[PDB]
Structure formats: C-alpha cells, structure tokens
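To begin, one chain is listed below as structure tokens, in the form deposited without 9~{H}-xanthene-9-carboxylic acid (UJQ).
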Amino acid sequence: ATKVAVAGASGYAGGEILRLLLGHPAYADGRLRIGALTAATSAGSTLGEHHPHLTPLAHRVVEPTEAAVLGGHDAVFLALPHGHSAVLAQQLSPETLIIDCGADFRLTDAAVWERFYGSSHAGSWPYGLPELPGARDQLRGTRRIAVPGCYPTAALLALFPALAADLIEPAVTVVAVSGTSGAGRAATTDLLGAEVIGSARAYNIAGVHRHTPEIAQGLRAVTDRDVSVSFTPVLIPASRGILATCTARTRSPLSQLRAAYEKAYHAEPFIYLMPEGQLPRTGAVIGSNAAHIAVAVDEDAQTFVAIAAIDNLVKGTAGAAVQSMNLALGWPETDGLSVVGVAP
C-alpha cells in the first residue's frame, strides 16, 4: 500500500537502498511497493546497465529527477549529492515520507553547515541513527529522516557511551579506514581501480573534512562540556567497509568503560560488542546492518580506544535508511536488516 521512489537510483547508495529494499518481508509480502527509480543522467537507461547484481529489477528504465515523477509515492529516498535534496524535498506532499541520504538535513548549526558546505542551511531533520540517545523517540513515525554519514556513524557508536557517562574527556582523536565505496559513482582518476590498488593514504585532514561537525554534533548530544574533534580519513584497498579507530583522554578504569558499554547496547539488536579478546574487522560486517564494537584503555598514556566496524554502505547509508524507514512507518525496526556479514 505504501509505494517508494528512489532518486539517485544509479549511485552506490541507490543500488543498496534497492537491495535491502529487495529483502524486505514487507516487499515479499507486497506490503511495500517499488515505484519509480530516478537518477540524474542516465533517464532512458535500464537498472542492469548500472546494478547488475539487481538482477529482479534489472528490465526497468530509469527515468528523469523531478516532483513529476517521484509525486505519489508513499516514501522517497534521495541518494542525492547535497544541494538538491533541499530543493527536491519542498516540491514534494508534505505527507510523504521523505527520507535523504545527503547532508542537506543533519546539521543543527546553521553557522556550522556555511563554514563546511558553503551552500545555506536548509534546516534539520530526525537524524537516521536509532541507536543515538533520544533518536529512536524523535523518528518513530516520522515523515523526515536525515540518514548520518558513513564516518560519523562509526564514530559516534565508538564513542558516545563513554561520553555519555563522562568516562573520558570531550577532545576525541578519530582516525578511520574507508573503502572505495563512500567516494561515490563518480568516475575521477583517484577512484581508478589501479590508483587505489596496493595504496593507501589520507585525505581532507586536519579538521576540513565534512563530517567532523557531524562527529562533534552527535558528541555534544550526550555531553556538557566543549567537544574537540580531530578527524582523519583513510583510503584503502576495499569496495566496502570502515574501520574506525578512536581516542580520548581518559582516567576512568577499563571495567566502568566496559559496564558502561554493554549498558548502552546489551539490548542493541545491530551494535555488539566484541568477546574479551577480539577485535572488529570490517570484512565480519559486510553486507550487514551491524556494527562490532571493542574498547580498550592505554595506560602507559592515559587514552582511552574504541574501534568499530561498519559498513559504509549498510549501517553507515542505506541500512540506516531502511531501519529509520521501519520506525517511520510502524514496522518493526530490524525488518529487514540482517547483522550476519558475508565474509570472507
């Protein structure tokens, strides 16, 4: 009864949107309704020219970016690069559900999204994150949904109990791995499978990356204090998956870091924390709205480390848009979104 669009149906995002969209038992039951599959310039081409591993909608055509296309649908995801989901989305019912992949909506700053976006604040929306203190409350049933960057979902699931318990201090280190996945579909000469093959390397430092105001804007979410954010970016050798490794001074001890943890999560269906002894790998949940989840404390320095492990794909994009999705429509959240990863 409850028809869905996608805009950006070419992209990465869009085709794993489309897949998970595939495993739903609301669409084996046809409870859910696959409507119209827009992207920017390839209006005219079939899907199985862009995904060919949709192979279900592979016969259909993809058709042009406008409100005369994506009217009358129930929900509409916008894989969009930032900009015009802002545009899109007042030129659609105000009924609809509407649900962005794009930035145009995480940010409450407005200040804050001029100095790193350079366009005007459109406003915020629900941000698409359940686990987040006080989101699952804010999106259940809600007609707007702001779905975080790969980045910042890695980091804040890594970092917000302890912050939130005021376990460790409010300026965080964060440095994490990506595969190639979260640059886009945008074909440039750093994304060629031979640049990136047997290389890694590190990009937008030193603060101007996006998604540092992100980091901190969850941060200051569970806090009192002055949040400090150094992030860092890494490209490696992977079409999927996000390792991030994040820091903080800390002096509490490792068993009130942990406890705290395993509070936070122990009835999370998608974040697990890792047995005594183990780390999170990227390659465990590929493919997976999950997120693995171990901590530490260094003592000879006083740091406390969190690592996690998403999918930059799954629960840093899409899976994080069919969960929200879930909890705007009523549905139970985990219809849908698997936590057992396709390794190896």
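Positions refer to the first chain, counted from 1. Each form is matched to the other, and the largest set of C-alpha atoms that superpose within 1.5 Å is called the rigid core. Compared with the form deposited with 9~{H}-xanthene-9-carboxylic acid (UJQ) bound:
- Once you line up the core between these two forms, the CA of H82 is the only one from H73, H209, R144, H82 that shifts by 2 Å or more.
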The other form holds:
There are 4 protein chains.
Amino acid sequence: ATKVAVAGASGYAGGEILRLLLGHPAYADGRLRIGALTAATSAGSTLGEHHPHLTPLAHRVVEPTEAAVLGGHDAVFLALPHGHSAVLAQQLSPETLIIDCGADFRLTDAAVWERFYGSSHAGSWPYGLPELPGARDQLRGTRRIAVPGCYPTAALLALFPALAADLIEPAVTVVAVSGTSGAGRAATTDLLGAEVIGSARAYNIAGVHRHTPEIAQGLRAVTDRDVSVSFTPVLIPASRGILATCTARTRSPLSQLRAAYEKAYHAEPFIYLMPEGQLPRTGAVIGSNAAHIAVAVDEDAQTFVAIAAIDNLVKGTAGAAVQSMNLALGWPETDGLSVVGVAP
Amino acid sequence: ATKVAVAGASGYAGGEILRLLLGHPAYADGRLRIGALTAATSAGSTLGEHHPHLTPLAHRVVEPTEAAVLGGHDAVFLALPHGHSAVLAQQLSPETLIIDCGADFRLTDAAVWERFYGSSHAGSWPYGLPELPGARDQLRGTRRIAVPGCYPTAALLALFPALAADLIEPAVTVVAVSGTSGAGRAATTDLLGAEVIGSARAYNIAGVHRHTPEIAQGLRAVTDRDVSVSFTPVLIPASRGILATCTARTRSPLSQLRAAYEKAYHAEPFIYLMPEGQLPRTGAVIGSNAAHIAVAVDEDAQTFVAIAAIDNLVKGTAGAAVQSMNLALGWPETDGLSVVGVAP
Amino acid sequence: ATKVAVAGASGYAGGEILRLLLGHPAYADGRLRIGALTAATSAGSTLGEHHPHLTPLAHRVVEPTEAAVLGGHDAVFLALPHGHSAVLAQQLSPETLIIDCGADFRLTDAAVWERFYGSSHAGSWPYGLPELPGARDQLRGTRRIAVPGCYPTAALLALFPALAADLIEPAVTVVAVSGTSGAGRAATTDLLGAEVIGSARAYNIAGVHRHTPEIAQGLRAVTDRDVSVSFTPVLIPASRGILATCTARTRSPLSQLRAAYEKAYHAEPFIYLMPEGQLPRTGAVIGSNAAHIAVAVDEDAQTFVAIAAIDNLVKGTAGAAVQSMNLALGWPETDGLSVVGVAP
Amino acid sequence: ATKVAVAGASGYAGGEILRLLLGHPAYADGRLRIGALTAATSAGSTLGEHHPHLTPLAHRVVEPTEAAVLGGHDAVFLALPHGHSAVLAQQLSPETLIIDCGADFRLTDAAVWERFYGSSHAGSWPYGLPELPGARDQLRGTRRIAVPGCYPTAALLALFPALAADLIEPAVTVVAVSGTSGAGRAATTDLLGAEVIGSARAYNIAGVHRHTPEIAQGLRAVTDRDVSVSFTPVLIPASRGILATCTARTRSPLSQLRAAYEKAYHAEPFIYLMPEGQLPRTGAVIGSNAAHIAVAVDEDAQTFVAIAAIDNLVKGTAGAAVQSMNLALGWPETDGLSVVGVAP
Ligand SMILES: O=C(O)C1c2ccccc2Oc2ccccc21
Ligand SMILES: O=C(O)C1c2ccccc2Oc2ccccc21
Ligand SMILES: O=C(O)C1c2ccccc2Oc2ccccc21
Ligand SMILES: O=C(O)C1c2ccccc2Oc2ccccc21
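With the form deposited without 9~{H}-xanthene-9-carboxylic acid (UJQ) in hand, show me what the form deposited with 9~{H}-xanthene-9-carboxylic acid (UJQ) bound looks like.
Entire complex below, previous chain first.
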C-alpha cells in the first residue's frame, strides 16, 4: 500500500491532486490511502473550508506543513507550484517518493537557475513529462519527481516533434493564453475576479518569465542546434486551460511535419492529434489529462504553427504529478487519468 | 450486456450522457456497450465534429434518429431536453429501457400539460429524481424514466424536506441562476457568447416558465396543501451550474428545520448538507452528480431560506438519467457518478 | 469653481467616480477641477499603477488619506463603500460638500445601526437616491450626501412604486445577482478570478446582510404598514451589474401596478420602464447611470414580480454620487451621466 | 446639418456607431442628425428589440437596407464588418460620405483580394486608420472611408513604428486574442455562450485568415522590404477586446526602439505608450477609442515584442469609423471619442 501526504493541500494544485487521488482506482481498491493534508496557514481548519468540491474529505483537519507531520507517508506531494521545496524535501525521510510541483528540481543548468531564480541551484530530479523523449524511462521506479511547469508542458508537446526531426528552425516563438488558476491561490489585486473578468493581458514578457529557460531546456534535449525561445504568457478570463500557439520558421512540407507528430504520439494515450481540419480548444480538455494538438504550415510566411491545448491544472500540474506517480510506483500509467474533457 | 443508444447524441445532454457512460464501470468491464448515436441533422458526420471532448468516440458516425436505428438496443436515452419524445417513444418496445430527458412524460395532470405545452398529454413515466420520497421505489426495475427538468431538480431538493415536515408555508418563491448550457445547442442570437458574457437577465417570469408546474407537482406530492410557486430563472455568464435560492414563510425554529434536512439527506449519497456556516456554490459541484444544500431562517422576515447548487448538465440532466438507469437495471445507484466537483 | 478630492481613489468606486468626473461637462469647461487623490496605502505611487483606464490622470501621485491633504477642496468624495468615514468626515472643514460612499450616514435608526454594524450610530445625511419620494428635495444644495448601497438602489427602485400605491403586501423578497466589483478591491481568496469565474453563490443570507435594513428603511418611507425584507445576494461571474428579482404577494391587476410605475418614473430620466414583452438585462445598462425595470403579476402564485437592472458601480455607487453632487451644486442633474449602456 | 444613415443598424458594429453618435457633441448641438436605420432582416421592428442599451433610439423603426432609403443622407455608415458593400456603395453618390466597416475597399492589390475573398476587386478607399503614416492626409475631406479590420488595427499600431524605422526584421508574428463580438451577431453553434465561456481556441490559422494580407499591406506601406506575416487569432471568453502580441527579430537596442515609438505616438491622442514597467490590458480600453501599447526586447532571443490592447468594437471598428468621419467632415478628430476605459 502507498500512503500519500499532500503538503500545500489548500492551494489549487493540492486540491486537484486530491481530486485525482479520490478518483484513482488504487484509492477505490485500498492500495492508495490519503494521509496528512497540510498548509502553511489555517492549520486546524477543515479541508471543506478550502475545497468545498472535495466533500469526501471535507472533515479532514488541515495540519501544519512540517516534516514531522509528513513522516510515515510513502509518497509526499509538495503541492506548491510557486514555492521552493528544497528545504522541506531535505527534511523528509529520503526513501519517500517526493513529488515536487514547484521548480526547485526542474532545471539542469546551475547558471541558468541562478539567473532566473536568484538562488543557488539545488540540482534536478526526473522531469514529470513522460511523453518527452527519454523521460518515461527516468520515471519508472523513481523516488523523485519534478513536475513540469504548466506553460512548458504545452509548448514542449507542441514543438518537440518538429524540432527533433530537424524540420523547423530552432528559434521558436510561443504565445500561450492561460486561465487564472495557474497563478495559484494567493490573493492579489491583479488576480481578483473583477480585474480578470472581461480582460486579457500579457505579463512577464520578453524573456523575463521563468518558464522561458524551462522550454529551452526541454527543446535542447531533442536537438544539438542552438535553441532560442520567445515566450509570451497571456492571462484570459477563464479559470482553467492553456492554449499555446507555437511557431518557428520552416521550409518543410506539412506532410513531413505531420509524420513527425505521428511518430512521436501515435502510441501516447494522453496526446490527441486533431483530425484534419480540426483545431484544439481548451474547453475540450478541461478536467482531462489530455493534450490536443494540431499542426500547420503557413507557406507564405514560411512558418510552422503548432497549437496545443491542455488543462493547466491536470496535464499541466496535478495530472502530470499523478501520471508520474503511477510510473514511480509501477502502476498502469493511465490509472486515474481520463482523456475525456468536461465540456461545455 | 446492455447495448445503449443515445438519440440526440450531438447535443449537450447527449454529450454529457456519453461522457458519463465512457467513465461508467459497466463500460469498463463490458457489461454496457455504446451503440447507435443519432441526431435529427448531420447524419453521416462523425461525433468528433460535435463533441471534441469525447475523443474515444470521435470516429463514431452519427445516424438518423429513427425508431429502426434505435431498435435492437436494450436501453435508449432520448437526449433531447427540449424535444418532444412521445411519438418516437410510442414506436419502441415496452421492454426497452427508455430514458427521456425531455418533458413529455414528466407531468401527471393532462390539463396542466395542455396549458403549458399546447399539445395532447402523452402520459406519465416514473420521475427520475430518486431522492424524492417514494421515487426510488418507482424507478427500481422500471423500463420508463422521465428525467426531471434542471430547475425543478434544484428547487425540489432545496424545499421538499421542509414542506414534507410541514415546517414552511406551501407558497414558495424560487429565484434560480443558471449557466447557458441549459438552453441546449440551438443557435439563437440571445444565447450568443457576446450577449451572454458580462450580463444577467431574468426570463419567462411570473409563471410562464414551463418548469413552474413541474416544481408545483413535485411539491404537491409531499404535502396535502395547495402549493403555489413563484419561479424566476436568471441566465448568468457561466456554461454550467444552477444556484436555486428558495424561500417560504415559516414559524418553525431553525433547529427543527435543520433536523428535517438531516433526517431526509443523511444517507443520500449525492446530497451534501453544508456544515453550519458554509453555503453552496455551483463551482463546487461542476462535473459531479452532487447537490449542495444549506438552510437558514430569517427571523425578522419569518422566512425560511434554502440554497441548492447543482450542475445543470449532471444532477440536473445526464447524471440524473444515468442514476435512474442504474436503478432501473439493478446496478449500484452510484456507478459512474462522482460527488467530487471539478473546481476551480 | 468646484475643486474635488477623491479619498480612496485607488479602489473601484474611486476609479469610477474619476471616470465620471473626467467625462463631466463641468470638467470640460473648467468649472469642476480634480484635486487630491488619496489612499490608505501606496502613497507615492502613480494613479496609472492602480487605474490604467484613467490615462488622462495616469501621472497623478497618490497621496495619503489625511485631512490635511484633503483641505482646500470644495467637495470630497469618501470613496470607501465598505469603510467607516465618520472619523475622517469629522476632520474636514465642515463647509465642504462631503459625499460618503460608505454606510455610516445612511441609516436613520440607531438601534438598527448598532445591531448590524456593532458601533454607535453616527447619524444620517441626505440619501443619494434622487428618485425615491422626497429624496431629491433634500439633496438640492446639500453639503452632505450618503450614497446608497448598490443592492438597496436596485431593490428600492424595483419595489417602492408598488408599495407606495398599497398594491402589494409589505413582506417583500429580494434575490439579487451582482458582479464582483461590488465587493471592492481588497484581495481575498473568495474574490479571486479562478474562484469567481464559472461559479455562483449566495452569501450573507437570511437577514445577516447589512443591506437588508437599508432596503427596509427605504420602503418604510413610502408606507405606514409593517415592512419585512427577505434579501439574498448572489455573486455571479461578471465584473459589473446587479439584477434584482423582487417579489411580494398581490391581488391587484397588473394594469394598476403598471400605472404606479408610470406615475413614479415617467419623468425620471434615469429610470427606463421596459416596453411590454421586454425584460431588463444588466448588459444593457453597464457604463450607464440607468435602471431598467419591468413588472409582472404571477396570477397563479398571487405574486408581484419586479425586475431591476443597474450597473452597480454607476447607478449603484459612483453615478449616484455624481448625480447627487450635481443636485448639491445646483447643476443639471443629468450632467455627466449617460443613460446609454456599453453593450455587448 | 449632417444627416447620417446607418445600414446594418441591428448588428454590433451598427449599435456601437449609434452609441458613439448619441454621445457625439455634434448630436448634442444639432449639427449631426441620426436618420435612417436599416437592416437586411426584421424591417418594421423597433431598434429597442435589437439594442436595448440604446434607449434614446428604442422607438426607431428599422427600415430595409436599400439605396433609396440611404439616399438623402449626407453620410452613410455601412455597418456590416462581414458584409460586402461594393454593390450598394456603387448606387450612392460620390458626394455622400460613405464609411464602410466591411472589407470591400480595404485592399489595394486586386490579385490578393481575389485570392482571399473569391470575388472581383471593387477598388480601394482611404484606409480609416489615421495614425498610420500618411493616412490622416488621405482622410481629410474624403467622401470615402474603408474602416480597418479589428485585428489589423491592433497589429499595425503595435508594429509599424519599429518597421518604419527599420529597427526590426520584416518577418512578423502576431498572436492576437479577441472577444467574441468581433464575430458579429450571426448565430452559429461555435459562437454560443456555452461553447465560448471557459474556452480558448485558435482559428483560421497558418495564413488562411483574411486579415493576414491586410496586416501585410499596412506594413508594406512603411517599408521597402518584403513583409511576411504569421497571424494567429485566438477566441477567448470575453465580449470585447483585442490583445495583440507581436514579435519580430531585431538587432536594435531597446532604447532606440522605445525612442521610435515615442516619436511616432507622443502627439497621437488615442495611442497611449505604457510607462516603463507597465503592460497593456484590454480591460483598460473597453468602451474607449484608445490603444495601449508597450514594447520590449528579448535579448536572449534577439526578438522585439510589442503588445497592443484595443476595444475591437471601438478603435477596432466603430470608433475608427467615427474618428475618420470627424476627419472627413473637418470636425475635431477626437469629438465623441473618449480615451478613458470603462473598467473594471
Ligand atoms: O506565470 C506564472 O508563472 C504563474 C501563472 C501561471 C498561469 C497563469 C497565471 C500565472 O500568474 C502567476 C502569478 C504568481 C505566481 C505565478 C504565476
Ligand atoms: O429555461 C429553459 O427552459 C431552458 C434553459 C435552461 C437553463 C438556462 C437557459 C435556458 O434557456 C432555454 C432556451 C430555450 C429552450 C429552453 C431553455
Ligand atoms: O455584499 C456586500 O456588501 C459587498 C458586495 C457587493 C456586491 C458584490 C459582492 C460583495 O461582496 C462584499 C465583500 C466584502 C465587503 C462587501 C461586499
Ligand atoms: O475573425 C474574424 O474574421 C471575425 C472575428 C473577429 C473577432 C473574434 C471572432 C471572430 O469570428 C468571426 C466569425 C465569422 C466572421 C468573422 C469573424
């Protein structure tokens, strides 16, 4: 049996991990058990006060996020996508399966880390994006998982097959729209409903967003050419969803680009290549662990266009974490993870 | 095995029935098969062109809605919440399980039917709201189910325990907000995104809405008093969800009303009574078959207040249909029906 | 000339007052001048950092909210709809025209005030709802204005003509949906976009909302019958707008009720009575100072239904303040206040 | 006095033209009169049945769109952004001021027109984007105006100063999010509220969108180089607003690019260059004729980034039409056109 703790249970990523665990077949047959649920504030409150959608766990008392509380759990989700978990991870029993939703163990270049995060690089753990070349093998039986960022998940799935096949130039452009749950649950004026509803805005533009080097790192793993990444995130008035529009120069026939996506994804159950003449929409993947992808060539502009839609909280965060957890535990990789969206 | 057809498969209710069937344990172990998917238009198209979220069924070819196509199935969902199924249903065998999402077999008073629907009364089938007193008995082993309207589902769950215990007056007021998927998929200018987004409006007010007599009928069934119903629906800029605010005069203490709701709902798997101090929200029930209910007493106004939140497409439509299906077939009532919402 | 200060300039009400002042004909011809803009935090920031829509004032430096900063202004808007301005108002020069967006000077019953607000009653100032009987005369040349709450504005406009004519019973029910800007700009988890989008919820139900006695007070001014108010507010995923559904028992002919609304509003430029067969929508009044009102009778339920739509930030807050300011200064009452909404 | 007709009055662009005319100073002092309001359907209905926000015109009777009805007016708005006005415009006098919101007279290359629109090229009229180099000269005293498309307006304001100064490469990438009112009022299933709310999707990708050659044409006019345009539009769940993210390779320093934008826009009343450290948002420009623009350089990616926010219905359509009208008639260009957004 695997007893699971969720640190940061009261945030959006933590609530979504718990939603997926409650629906997981190992929860139903007793193999997966939900233990301590912790938060940095509001210890002593009940979970229902934070996540009224999780009624089977409503009565659970939130505990402080402390190593002692997290002891005795075979797996610990560090559900702080915008936090720094290196210090807490060091405090846990090292045989624990530690699944970090944050960034501390994602990057593999210490100088890049220090430039973008302002601290000493902690190192890296197996990246929880099983569809990326070579990634699945590193996750089988791992006791450490670095969950990818939500935007890099969409951009890498959209772009890596074309670049791996050397069919596009290695200077890529990504403009990705995101619902606001990706910002997490910390209350700020700029994330208030009145501000977000009816409005769209780019933010952290022109290379300052910390997911820029994460996209570059994933792409550099499938090519030896010099990769550059122009990444612009755009907040839109939705709660969930990322639609990444990804471009690069190309002079390759569309059919050869489509063949590269076929080769990458034909046997990947969470990656859906759109039928000819269809394009992804985030509405179709909400609540699912799926990515819907379409590709095209703008011949006049000599530009490849790849569109990818994911649910930022599922395939971009908690679904990635659970998918990687399945691989870590030797369980069927698709367990608990639907490809069917909740639409409209 | 139970071979199931879905007529009206390309509409919202039909797509949500299919989502639930795809996740149903009887589909997973082969006891339930998804057969013919039909529509009144676009026969020959594929389901993926209508429901991109249902990728496991994307290649299914939509067939014409005809009694011949629907014969040879053990169960038939008539997934036309705004259609009139009487003529088609009369062509199907009494032994075929028919689950009608439309209104034709909901009402038990022919004169009321004629007044509000302007046609001859087709009859009455067991009402697919298993939590109503006596309803579960009528559904077990039925081959006929009339699924309730979405607004009546919310209003009846909010009000029937108080009224059945004679703890409120039988003159009730319901003001219910709803997302736009309740209107179905028929394109009209009043339901365009640009019109609906950022706007709220009441419609079909002051007793002309056809769900008014349906609420009255369900409430009359739990009391011996003349029931009157003031029902105002309000369209809001959401795709799913109904939040029903329901009021009635009372002279009874809150403690007695609370006890009546506990007694009615403590063992009901889909009905969640909010802990004291918490109130329902539609976000918490989206994608689930749950209803979240809270009750209160306005002492100064001598008024009972009951709030109910449901997903209009699940507990208000397709989830009720599948729940009643489970009962009709002798399967565990909760099969395929989660109480956990997809939030935020 | 009238030099105007706005205290609380960085909140939503303060930003909307400034929007209306910038468009006011007295600003254009030099008679109205915009002076100090203050806030409790962020003094030294520029206004553009808080209200990027107010580009003509973007460079203004926010000053601390202090009596000394507000001196030398002929009119001071206390744009703190959820604050308590009695202490600051006492510090201003008493000949100043003081326009309080908060509640401290709205209520006329000290015991009611203490019950709902937990403090000693400060008194009352002329209520800034000029269409209410007797209200306009108290605002002409006043140096004090208590701006109404947003929900009472909608409910009182919907209900007072029927009650004044004694055509409905004095026990009224109000269920009002509101966009989230009415909560103000203080960051809380429950007002975050991810939480608000796609969700609706009632709050402060069963008589605990402080606008309940404000509605009762306005209605008691048009009748000597004992008034009771059941008031339920519902948050919906819009930034602006209140749609109030208001009911009461009646046995009066609809035509007599319509005549009462005609008598009240035929000469009121901001009150639009819907043509027969039309119903209000908040989308149609956004950005305008208008209220759109329809009335009906549910004969089966013996219930009067009145629907009122306003923009909560204009007719429900800042437009009420500017309308009352015009009356205070002896300026045309409609100056700077459009009846045309910004739709879709 | 200038008697104005609006053909297509019942659509979104027509309603927004009428909103602006109602607030125009020439309407207030009688120099502009609103004459015939026409549509291709529902002649005989009243305007209030189409545009409930335009209550001062609610009683106007919609007339058939015919050259006879439109004659006898000094100015005619053809408010059909997706219509083809060539045949109707050829029936009107050269001395009548015609302002076409549609595309028929925008393009200057007949072969490009035939390729993208599949019809004979009707000709070219002065392009209604007064801020483009040389455009104001062409509009003064014209009797013919082709209003720009909404996406080209945003992309050209974002990009032309950099390209005209030869500070970026002439291969540009535009990814622009838009609210749904840009689609007009024609009811289709893909534009239903339930579909659009909570979803984002790219459409008409990889060079098939008809605004691609329009962007290319406007950019070609400021440079001597071959221009290529990769343009991806993305529909988001808002009613109004376009946020264009525009990129191009560059070797020029940020200081030089910033200076070029200051030089181009410092005296342009509707173009607001964001203070350093601020970025545009569509919420800040809704209901205004303003464009908010920020520029940046991604040094690692050697990429220039320009962000532009407009209201698609004002600066992208009806505001551009009225602005160009003012120029054609010799009225102050800013008459009736505020730069202040209606936010939140
Ligand atoms: O961009 C990010 O890294 C992340 C985010 C992700 C998706 C959408 C919005 C969003 O905003 C914030 C705000 C604070 C901290 C992190 C984020
Ligand atoms: O009210 C209804 O009966 C139903 C509906 C339900 C929820 C939300 C909107 C809505 O609108 C329409 C429109 C056409 C036909 C039926 C409906
Ligand atoms: O209800 C209110 O009095 C007011 C409010 C008005 C409209 C919409 C939401 C809303 O929520 C809050 C939250 C905090 C303080 C005041 C409010
Ligand atoms: O893209 C366009 O040309 C235009 C449009 C503009 C903004 C947003 C959506 C939108 O969709 C449609 C649909 C039909 C016809 C034109 C459009």
